[PDB]
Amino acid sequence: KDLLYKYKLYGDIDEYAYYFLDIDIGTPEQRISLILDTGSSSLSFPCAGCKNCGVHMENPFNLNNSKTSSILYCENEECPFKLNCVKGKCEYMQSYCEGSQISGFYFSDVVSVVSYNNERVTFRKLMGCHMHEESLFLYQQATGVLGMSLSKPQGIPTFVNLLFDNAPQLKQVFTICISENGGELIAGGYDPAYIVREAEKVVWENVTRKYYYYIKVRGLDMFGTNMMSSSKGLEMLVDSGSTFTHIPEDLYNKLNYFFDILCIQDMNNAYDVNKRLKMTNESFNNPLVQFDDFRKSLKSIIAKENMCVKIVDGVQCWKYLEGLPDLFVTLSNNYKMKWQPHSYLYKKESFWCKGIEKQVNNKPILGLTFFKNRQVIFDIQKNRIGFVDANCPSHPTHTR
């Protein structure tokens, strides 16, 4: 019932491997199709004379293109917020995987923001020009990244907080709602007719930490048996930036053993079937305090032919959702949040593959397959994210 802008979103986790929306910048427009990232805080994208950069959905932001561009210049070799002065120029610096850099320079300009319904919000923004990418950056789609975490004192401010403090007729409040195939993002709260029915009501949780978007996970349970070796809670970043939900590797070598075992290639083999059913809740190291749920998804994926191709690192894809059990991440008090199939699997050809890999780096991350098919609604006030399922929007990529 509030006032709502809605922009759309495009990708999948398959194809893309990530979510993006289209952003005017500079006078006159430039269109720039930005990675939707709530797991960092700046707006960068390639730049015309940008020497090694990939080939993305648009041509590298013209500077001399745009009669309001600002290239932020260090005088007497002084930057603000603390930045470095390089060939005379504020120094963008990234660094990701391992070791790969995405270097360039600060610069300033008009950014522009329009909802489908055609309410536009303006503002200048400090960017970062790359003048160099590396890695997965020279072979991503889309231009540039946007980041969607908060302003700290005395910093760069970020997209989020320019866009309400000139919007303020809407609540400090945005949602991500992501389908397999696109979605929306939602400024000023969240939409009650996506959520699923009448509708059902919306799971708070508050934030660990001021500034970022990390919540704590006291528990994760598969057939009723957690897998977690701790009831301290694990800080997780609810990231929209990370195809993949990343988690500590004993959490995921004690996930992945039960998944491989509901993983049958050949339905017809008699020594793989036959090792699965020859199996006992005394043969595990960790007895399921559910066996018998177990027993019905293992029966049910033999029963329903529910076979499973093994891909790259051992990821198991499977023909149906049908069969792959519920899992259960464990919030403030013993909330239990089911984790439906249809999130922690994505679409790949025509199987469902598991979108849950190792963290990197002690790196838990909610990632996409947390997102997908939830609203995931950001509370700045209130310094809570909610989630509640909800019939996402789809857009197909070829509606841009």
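Numbering follows the first chain given and starts at 1. Here the rigid core means the biggest group of C-alpha atoms that line up within 1.5 Å when the two forms are laid on top of each other. What changes on going to the form deposited in another entry:
With the two forms fitted on their core, the C-alpha shifts between the two forms stay under 2 Å for all of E305, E98, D266, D292 except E98. Here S231 counts as shifted, since its C-alpha moves by at least 2 Å between the two forms after the core is aligned.
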Given for the second form:
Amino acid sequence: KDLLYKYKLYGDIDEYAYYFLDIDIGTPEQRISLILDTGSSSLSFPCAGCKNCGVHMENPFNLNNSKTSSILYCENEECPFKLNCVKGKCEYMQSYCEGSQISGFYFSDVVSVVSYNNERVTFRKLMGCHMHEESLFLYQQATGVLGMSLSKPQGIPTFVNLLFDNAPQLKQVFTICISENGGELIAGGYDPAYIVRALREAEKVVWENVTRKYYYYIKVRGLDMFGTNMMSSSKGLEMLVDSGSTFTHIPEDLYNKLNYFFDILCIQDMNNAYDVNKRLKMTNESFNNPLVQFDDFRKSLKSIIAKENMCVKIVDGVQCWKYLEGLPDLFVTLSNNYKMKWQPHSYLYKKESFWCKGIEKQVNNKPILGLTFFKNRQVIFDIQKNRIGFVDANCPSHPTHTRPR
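Please could you give me the other form, the form deposited in another entry, since above is the form deposited in one PDB entry?
Lone chain follows.
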């Protein structure tokens, strides 16, 4: 019966493409919506005075209205934390892409995290004021970013470490439970009541060791479709467990192999004989990569056709199906040959009435288990034991219209 603090998350894959929560900053409190991002480590948002910032769901944080704010000025041009001194202030600088940056300056102020059961944790945090935004930050609704990764020695103390340092009544575990609409962040553990009820093995958390000290990487040892490992050339692959990534990003070879079969399962018109015939004629020999379970490929194809599970291709050739039924499970191979089921209700996401593929090619050799891997499971960050746990779950769902103010 570990004590759990719970926080509502809002968002989705299609419209927001991230999930966010509300945090109170300053004195008196200014409530700010923040993207929940296990792939970064800062806490930042536009501040009043920014000359090139997007319009977000809240006004920029106003330093002049918070009595507890303290701008981090340079003392004879020297900043802590190896920061750069720019125009008298210690500079905040982040590359949202490989080469492009949000910039501003650092300040500290009080942060207050309140659970929806009215349980409060408060501390001071060194935060970034955006004074220049660009690209997607000019049209994102959320006001800032809440980085959930770990503190490094001699680095700026991060939100997650400060939260637990100031809540010793909690075990040092946080869980993210993403649903199709909204979700929940849990501090202090995971909630076994959310777990979906061989079958007893699927009701149990599967744990993987993190492969880096201060970032949430795990090693993936294979990825199966129709019983066939589609990355057999690679026998370990460090993937970032990243709630700030809309989609799941995989190596190019693996993507092309998977996408080949998803293309076969994507039929625009079930009454077009040429299109249907071409697919039903394919044999095990038709494939560059033969399948170990060709009969399961056939069952998927035949049931998609028989149930008229029509597919529409949208921008960039992404496949969208009318129904989840018929699409295959994928399996992620972890330690000790464990096959973690990755279901269509996770890797496909809701777009209008259809279910669209949420798997993409990596860029810059950055493979990512993103929100289409989080969806409909508890993802459990045990920072005490440096492990991440996974279990299928019925996550809380919160429409954005339920968000106060």
